[PDB]
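> Here is what each chain is made of, one letter per residue.
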Amino acid sequence: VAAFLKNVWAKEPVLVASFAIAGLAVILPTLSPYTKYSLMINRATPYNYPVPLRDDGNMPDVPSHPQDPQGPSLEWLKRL
Amino acid sequence: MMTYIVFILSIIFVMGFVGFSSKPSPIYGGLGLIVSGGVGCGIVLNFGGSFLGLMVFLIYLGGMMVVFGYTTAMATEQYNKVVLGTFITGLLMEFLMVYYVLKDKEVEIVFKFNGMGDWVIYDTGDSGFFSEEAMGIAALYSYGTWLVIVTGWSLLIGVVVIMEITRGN
Amino acid sequence: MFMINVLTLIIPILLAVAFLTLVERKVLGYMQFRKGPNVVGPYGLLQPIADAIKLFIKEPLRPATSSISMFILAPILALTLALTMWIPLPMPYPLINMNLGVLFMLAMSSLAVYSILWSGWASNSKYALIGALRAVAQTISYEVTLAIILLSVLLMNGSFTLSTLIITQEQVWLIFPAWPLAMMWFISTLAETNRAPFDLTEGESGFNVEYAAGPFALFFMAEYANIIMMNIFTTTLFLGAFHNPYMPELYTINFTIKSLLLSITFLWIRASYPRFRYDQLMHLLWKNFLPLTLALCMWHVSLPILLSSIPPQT
Amino acid sequence: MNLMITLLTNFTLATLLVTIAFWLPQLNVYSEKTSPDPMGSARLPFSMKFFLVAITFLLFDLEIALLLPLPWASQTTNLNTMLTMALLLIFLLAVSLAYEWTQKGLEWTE
Amino acid sequence: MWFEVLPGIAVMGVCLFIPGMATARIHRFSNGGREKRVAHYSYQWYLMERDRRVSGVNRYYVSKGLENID
Amino acid sequence: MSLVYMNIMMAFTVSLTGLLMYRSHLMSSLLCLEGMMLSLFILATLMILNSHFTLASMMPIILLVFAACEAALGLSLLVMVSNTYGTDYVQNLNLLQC
Amino acid sequence: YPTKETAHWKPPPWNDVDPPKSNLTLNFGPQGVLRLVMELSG
Amino acid sequence: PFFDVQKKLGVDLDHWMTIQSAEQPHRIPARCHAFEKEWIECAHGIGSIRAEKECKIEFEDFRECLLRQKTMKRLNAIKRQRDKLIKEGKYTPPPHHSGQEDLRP
Amino acid sequence: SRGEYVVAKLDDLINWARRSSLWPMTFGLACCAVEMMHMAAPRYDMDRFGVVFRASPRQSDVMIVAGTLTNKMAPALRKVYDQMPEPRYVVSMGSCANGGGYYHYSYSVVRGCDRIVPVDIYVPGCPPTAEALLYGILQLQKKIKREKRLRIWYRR
Ligand SMILES: CCCCCCCCCCCCCCCCCC(=O)OC[C@H](COP(=O)([O-])OCC[N+](C)(C)C)OC(=O)CCCCCCCCCCCCCCCCC
Ligand SMILES: CCCCCCCCCCCCCCCCCC(=O)OC[C@H](COP(=O)(O)OCCN)OC(=O)CCCCCCCCCCCCCCCCC
Ligand SMILES: CCCCCCCCCCCCCCCCCC(=O)OC[C@H](COP(=O)(O)OCCN)OC(=O)CCCCCCCCCCCCCCCCC
Ligand SMILES: CCCCCCCCCCCCCCCCCC(=O)OC[C@H](COP(=O)(O)OCCN)OC(=O)CCCCCCCCCCCCCCCCC
Ligand SMILES: CCCCCCCCCCCCCCCCCC(=O)OC[C@H](COP(=O)(O)OCCN)OC(=O)CCCCCCCCCCCCCCCCC
Ligand SMILES: CCCCCCCCCCC1=C(C)C(=O)C(OC)=C(OC)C1=O
Ligand code: SF4
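Protein chains in written order, with the authors' numbering: chain m, 4 to 83; chain J, 1 to 79, 86 to 175; chain H, 1 to 204, 209 to 318; chain A, 1 to 36, 42 to 115; chain z, 1 to 70; chain K, 1 to 98; chain 4, 20 to 40, 45 to 54, 60 to 70; chain l, 1 to 105; chain 6, 24 to 179.
Hints are computed from structural coordinates only; laboratory data are not their basis.
Any given hint might turn out to be false.
With a cut-off of at most 20 Å between alpha-carbon atoms, the simulated PhoX-like pairs for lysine-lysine come out as follows [said to hold, decoys possible]: (1) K39 (chain m) <-> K81 (chain m); (2) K102 (chain 6) <-> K33 (chain A); (3) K109 (chain J) <-> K73 (chain l).
Let's have the full structure, built from the sequences with the hints guiding it.
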């Protein structure tokens, strides 16, 4: 597990680098704390028009204006 | 005349097929299919298929017809009436199609075809900050999971198949 | 007014290719402890003109061609593709600003093997055909790592737009996150243009030996246009310069200096190494560059996700 | 439209230079030449290995064609699935290369 | 000595400097002293055709500001 | 319907009748087969781009890839025929009459 | 039922294997100076 | 044999690319989204035999959205009559159909 | 006259371009090949005259016959000469190529390469020095400089 590894690093350093970089690419996004922010930034990107809701009278979480407090915010993106 | 330009390309497209379907030699037929691929790519590009047209260049022409011409040049050792008659037959049938659908603005071979320029069938809006075709191809990794699995498996199996049958053992 | 812009693209291409031959002979001279041309012009500046006039009045070699038509089409295709590779190049503004300029260049460079193949078959020499098949197999082999390295870099760009690649590199050169991609890219562009140590068309017959001095000169100048173009594309891709939009000539001077140094680096690599054997650069591609290229493609897919550094689409 | 003008200009300049290079030295009256190759007249022997490297190019080029929408696919909101399928496609290209290795397909043009 | 190669490098560098300088000056001449409008997406083309319609001279680059309203 | 579809269907039928009437070479047959595939690509592409059906924009690429793999397989079969007879002539492939 | 058309047909082989029905020679001539005759096998 | 594995196991292998009115990336509608939604909501569940004769109107509107045959036939008729009246000289086109009207926005 | 002046200036132009871009094909037969290699070596450096090092025979302008021509190779010499495009010149370098040399009375040597090909410059020596060969190449350039192809064409 250690003599074989030094053997293949002596013989085939191209392939050892290949399998090592591939293993990092596989396992490292599951261990990264910033994988969540990739998802959060891709859903924060407004490609479509924010089609507004008809005010039935009881929607306390939906704002009446963009500058209202309620609604989704992007403080985390400006700060990080 | 420029409002008919895609139609004009399509005419050349059909002409290019009468190039290789008449089968002069597989190398001139390869050249005719290359010219056909380029003009059919132009047809694709003029509807908004930029990525699909560059797939016609990179993968059909620069990828596959390279291998056709490569394999063909390793055969048919280097140095007809039926070819010439077939070519003029296909050309005269295509120009009779052109003459009919331009004199009548309508024709019916198997289906009814309008004779106006094919600009009339388009949409009059915008797609915003994206190509819709680019996002539909980007959806191959988000929505096309089964399609990716079966295509990549078929390509791996195709590698295995070519290595099995080209060995002779 | 646009036609003037096309001519001011493509006539300076031919002039730069003309004087690249002089620069190659001079630089290969001084690296070989001798001088290059300094008799014909002052400092040899009339050597490309004299050589062009010599080649265009040399006797036509007059081959018996298997096909006359493809023998005509192969220089036409070579020069047309070597001139159309320049039109999306952002330096700082491209002639044709297209959304998929990277993929356009990859496609039009993938079409360049037909000139080699058609000229090899259009000759009656079987050994010239064997050399053409070897050259085509070499070129299509290194196109694989071209496409995959180029994809792995454009995962940091966000699009296939070549002008966006300047915006991508405003804070740092893209050779810093992608120097292994840069070095395999650079050797792959060295093997695309059949450039030494990958020049087996001069290693012991070329695919275009049946052409006369004029048409072989046209193949030669299409090859050097490809060389300057791929060095400019590598400069745009990994060494992207500062761009003030009110002063575009700063970017033009900067990418020009970097592309000249990279073309001279091609000249300096051919003054340094012996050739590969043909199987040895096949071994270089399939067993060395392609596994690293696939591994780094996995890395450059997963890396903007794990660091939250996905570039924008627009 | 500007692209078609530029293609026509590049193709026309290429055709003009090819016409000049094939017909400017034809004006001379040099001499008629009688003129009566490593292989003499033996037919071109087929190489299985050049065909195999061209087919391996074709199959890896199809796998590349699958890989080409990744700079767009990274913009999705189903990123776990996108990353899984991207790593699966590059891994299947690597498995294709490994099987091409281990059955001696990359040999004498390695 | 080695600086004898620099005239050819200078000629070739001027020949590479010409296309970008030319296309920058032609874009500023053809577009009102400004950059050429980059319309990669149909929204950008929509805004550009709206500029061509609101200019009144069938030129997209002729911009109309607050002086065009009351 | 639209006028370009007439030409793309007529191209498919021309490549069909070329593929359904062999002359001598199997390579010319494979070229007619790939012309059929190319016309299918163009026709699918013009429909999907016309209809703005977004998810089927990945469809013609798929139609390319499989069929090009198919083309690869066909080339391999031709080469094996060429490694038996020296030529890819379709009249050599007549042993299975008895 | 043999007819005049199908009279030249013989029965197929028993193992269903038909009999299989060279290598390159190059003259690298005098074009020091050496002439070489190569027999290559790929 | 339609072994409906996808409905049995609850997986979605290929239903997503099946119709134009399905969930699209970036909520991009097809040009005939509304017609196809109306034809599907008409013909749902009642079977194909009843769906051919009972949902003929929605299906004809959707096919005429897809291929635009009646629309292009009408444009043919109007353009042909206009060209005939221009040839006879009994009609003149307006300035806004000749390009002399300083477009709207 | 005007036409004589024009064909004189065009003769000067094409002779300049031909003598300033000579491409040699060197038959490296014998000991004179070593001295042609010294004429390419950095002291003398033919490449600064526009004379490239080892152009291919189907694009070369001059055939330098540098060595002993034997009877077994004289058809190969003549075949390479017949494959050269015109204008082609022949520099005979050294004594064996000039007249047979030290092997003149041999059963197997062609007594000078001028029995096989037409020869323009005879460069004497055994071997001639690299400087003497470069002298012969500059004399060949001077011979090209006084050619009168278009003046004779205009006067015929
Ligand atoms: C773009 C601007 C320029 C870019 C740089 C290029 C400038 C220098 C160019 C010099 C001239 C080169 C001329 C041609 C050379 C051809 C020969 C050659 O080099 O072949 C390639 C050689 C081939 O080696 P080889 O063939 O000699 O080796 C023997 C191999 N076997 C045993 C199979 C026979 O090397 C490579 O293939 C490497 C390519 C680049 C690799 C970059 C790796 C970066 C590091 C990754 C991580 C490593 C650590 C592990 C993981 C850690 C994680 C935390
Ligand atoms: C899990 C992550 C994803 C992994 C898959 C993706 C990888 C990306 C790179 C693609 C590589 C494709 C081609 C791989 C072929 C491997 C088989 C092989 O090459 O075997 C032969 C080789 C000996 O070479 P030989 O046959 O003699 O050829 C002449 C050269 N000497 O034999 C060898 O050289 C032995 C090779 C195997 C040992 C390599 C060990 C590297 C270990 C790195 C650290 C661990 C990284 C994590 C992943 C697990 C690796 C086991
Ligand atoms: C973007 C920039 C691109 C630049 C490209 C060009 C780079 C190199 C520029 C040229 C360098 C210097 C050229 C000098 C040429 C030789 C001049 C000369 O001395 O010629 C002498 C010759 C005979 O003279 P004679 O009178 O007989 O002498 C006896 C005197 N008692 O007389 C003659 O031969 C007659 C006169 C010939 C003159 C030829 C001049 C050179 C032609 C150059 C063409 C390109 C010019 C630049 C183009 C781009 C800019 C517009
Ligand atoms: C109506 C009248 C005109 C008729 C048509 C003619 C058109 C113009 C043609 C060019 C000018 C005509 C004269 C040509 C040269 C004649 C003089 C000459 O040969 O001078 C020799 C002199 C160098 O002396 P040299 O003998 O080399 O000595 C070695 C050094 N010890 O040589 C030198 O100093 C340099 C000579 C350079 C020759 C001119 C430059 C090259 C040609 C440029 C124009 C054509 C090509 C354009 C570009 C083509 C593509 C790159
Ligand atoms: C043997 C025959 C002769 C061989 C020598 C000559 C041919 C080979 C060399 C030239 C190759 C021609 C390539 C033409 C298409 C290239 C792809 C392309 O158009 O990409 C650019 C661009 C896509 O980017 P994008 O920005 O998304 O689109 C504009 C949206 N604002 O899209 C656009 O800008 C679209 C512009 C309008 C559509 C252009 C259509 C071009 C004409 C049809 C194809 C012509 C070539 C046919 C022959 C091919 C080779 C045999
Ligand atoms: C349109 C024509 C423009 C001028 C021709 C290209 C520029 C001059 C290159 C001359 C040249 C050199 C120096 C050269 O060394 C060489 O041999 C390798 C050539 O190929 C035959 C050449 O063509
Ligand atoms: S002239 Fe003398 S040195 Fe030269 S090749 Fe002959 S024997 Fe050798």
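> Look at each hint and say if it fits the structure.
So, going through the hints one by one against the coordinates:
| no. | hint | in the structure |
| --- | --- | --- |
| 1 | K39 (chain m) <-> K81 (chain m) | 16 Å, holds |
| 2 | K102 (chain 6) <-> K33 (chain A) | 12 Å, holds |
| 3 | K109 (chain J) <-> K73 (chain l) | 15 Å, holds |
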